[PDB]
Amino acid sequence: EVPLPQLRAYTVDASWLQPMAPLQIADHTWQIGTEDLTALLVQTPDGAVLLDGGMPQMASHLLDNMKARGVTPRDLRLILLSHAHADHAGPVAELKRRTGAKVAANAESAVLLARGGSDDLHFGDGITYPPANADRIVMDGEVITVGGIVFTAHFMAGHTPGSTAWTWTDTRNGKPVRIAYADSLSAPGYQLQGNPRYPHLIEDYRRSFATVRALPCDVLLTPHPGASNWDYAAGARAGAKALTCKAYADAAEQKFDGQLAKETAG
């Protein structure tokens, strides 16, 4: 006689959980997550912004890195998200409890975050995390300002309904640097065609390829750094091989077209 299976934890490649010291991207922007998951700290005179936190177990590491940057828990003002999957929004509930931070997200991302990633359109309950509430709902193109840095939301639905690119202008060498943190454009294991839970999935992805292509984008970063050819473990040449937003979108579209053809054949 055979029991039901044990719950299966969401396990990931070791590099996704490998701590790294803060890596500066521009004057006010740092990568503070792990070697293979992005978490961006943007430091302003009036407090800090975090874009993504990575996995649930990364919360204390993020706070240690924030401390090393001179940002105390009370100084963290705002959390923004690429998308509300466990490997990017994982520690958000805990960060809210341990810091001053409030969350701003679009309605789709807010709804998914509030169910801790459960009943995912594609993953079901396979990949979940502690639920958190959004404090502010943003609309497409809406801006949020913290200590004079202005962040713009660009909706790029597909990977999740609420997938979002965030853009802001930092400086490097007295010159402006237009940073584009573009969300994932993957569809890992997704049913793309005739998906009853996401009927216009293909059209949304196609629109999202165009959105990403057109972002203001001197430097592209992505939640999975490898998608944009970043190597956080490579120090001074971490960003050297980084893709443009144009090249990222193109590569994603080509991958997506191949996946569509494979699905039709499958």
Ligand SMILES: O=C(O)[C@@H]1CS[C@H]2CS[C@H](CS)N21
Second form
2 protein chains.
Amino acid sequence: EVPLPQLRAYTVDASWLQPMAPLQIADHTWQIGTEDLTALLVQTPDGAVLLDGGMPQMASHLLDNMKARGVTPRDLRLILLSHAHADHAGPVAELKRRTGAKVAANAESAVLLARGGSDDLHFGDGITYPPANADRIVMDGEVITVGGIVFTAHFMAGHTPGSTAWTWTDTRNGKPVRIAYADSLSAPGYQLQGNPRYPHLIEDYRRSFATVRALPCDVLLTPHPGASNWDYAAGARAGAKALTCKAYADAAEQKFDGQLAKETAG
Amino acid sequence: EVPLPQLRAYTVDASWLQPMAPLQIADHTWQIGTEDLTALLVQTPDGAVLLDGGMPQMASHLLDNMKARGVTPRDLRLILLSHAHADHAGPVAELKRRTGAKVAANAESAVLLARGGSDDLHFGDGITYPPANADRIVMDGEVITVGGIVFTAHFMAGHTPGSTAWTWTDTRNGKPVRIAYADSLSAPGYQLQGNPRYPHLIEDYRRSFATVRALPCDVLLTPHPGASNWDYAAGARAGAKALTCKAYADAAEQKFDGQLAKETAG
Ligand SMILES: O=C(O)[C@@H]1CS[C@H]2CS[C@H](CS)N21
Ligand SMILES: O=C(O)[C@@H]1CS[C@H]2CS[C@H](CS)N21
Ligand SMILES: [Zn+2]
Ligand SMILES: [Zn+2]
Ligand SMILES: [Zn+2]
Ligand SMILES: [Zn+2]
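Would you generate the structure of this protein in the form deposited with this ligand bound, following the form deposited without this ligand above?
First the chain shown before, then all remaining chains and molecules of the complex.
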């Protein structure tokens, strides 16, 4: 007698779960997540924005870092997402319960967020998290303005259908810094060709490489910092080795072409 | 450096996950779940009803047992629930994707089901499962009829706000058998007194004991069979030692009174 298997929790590298203090990126923009997951806090005179929250169990750490920055729960106005996987949108439901924040996302991300990442096109129910509702649906190229910082959505479907880059202009040393928070361009274990759940997967990825290459991009940040060669633990040198958006897109495309060739061979 | 803890999966006793073949309860009614979780299949000339599905990973086993019974995915018309915890509603989302089934539930169970059991009044996010939407909302005492079997909802709030007993009349040996599928009356680790998330918890449980005592009840079944002294592995004697609804309610109330006294002492 063999019982059905136990449910398996979504476990990750310890660095993904390693708390860090807030690391300033530009005058209004801070990394407040963990060593290996991005969660960006943007502070304005008219409230704060969070872009991604990381894993589900990061909610309280995020709230601590906001507090350290001067941002109370009522000051958090808006949550934006790169994509609605558990390691980026994980604590969103809880953050909505514990703060004033409302979520803006595109339709694809909203429907995946609302089912807590279940029935994923590639992962099935293997990587789920508490579901949350979007409060605003955004379209490609739409802007959201908070405390006068202007965030623009750039859709870059592929990693998930709803993958989005967010761009905004901050400052440092009195000069503008065009920040591009580009989503993942990876396809981990995905069936790329002839996938019945995502028939135009390859065309979407190619289009997304071109989108990312062309972003306004003085500084690139990514949901997994290593993807853009950030090292959040490296202090004053954390961003020193960061890729350009062009280099990030080129590397992702070369990796993707390799994966396609391997899929054909396997 | 101490990272945040990994997520912990909801793991259960192996007997809860031990597949069994269909066990007939009455002419139209079969247990098709596992040794220690109830999932009742009711077959009519106008489609089938499932009452509970057990754990999330039981979906395929349920579908196998339906097939063994003559019930194809398109023949499954209706899913009813005792309560929307992971060990009873776990596979509902997947069953909806893979069958014709629609879900009927009361409002409390629908909202908990739709958030996949997250933000539970007592468990928090400790016991979550894939979310699903209800297709029909039922009121207390409302009837649903399928292929001419009449199911009546009897609300028995306490274990969850949306806890429901379902009753119907089947036959055996040409005589009616009034079957009562009563929900859990347990309060595992619950704060009973002065609970800010459930202020009238104790009054609801007392009312629910009285509801259960009074059900039409030739045969009692419960979501955890041991609660009503069923032994699904005992073959022709599986139901021999089953409690009456009266005895089940009395035992739950005595246990509940003990728990209250212990809570006061602790
Ligand atoms: O390769 C990836 O993109 C990462 C690293 S591990 C893999 C599965 S979980 C996470 C979803 S973004 N993913
Ligand atoms: O005591 C109970 O009612 C059972 C047994 S174990 C405990 C927590 S999980 C499940 C929810 S019904 N519950
Ligand atoms: Zn992802
Ligand atoms: Zn990720
Ligand atoms: Zn329960
Ligand atoms: Zn249970």
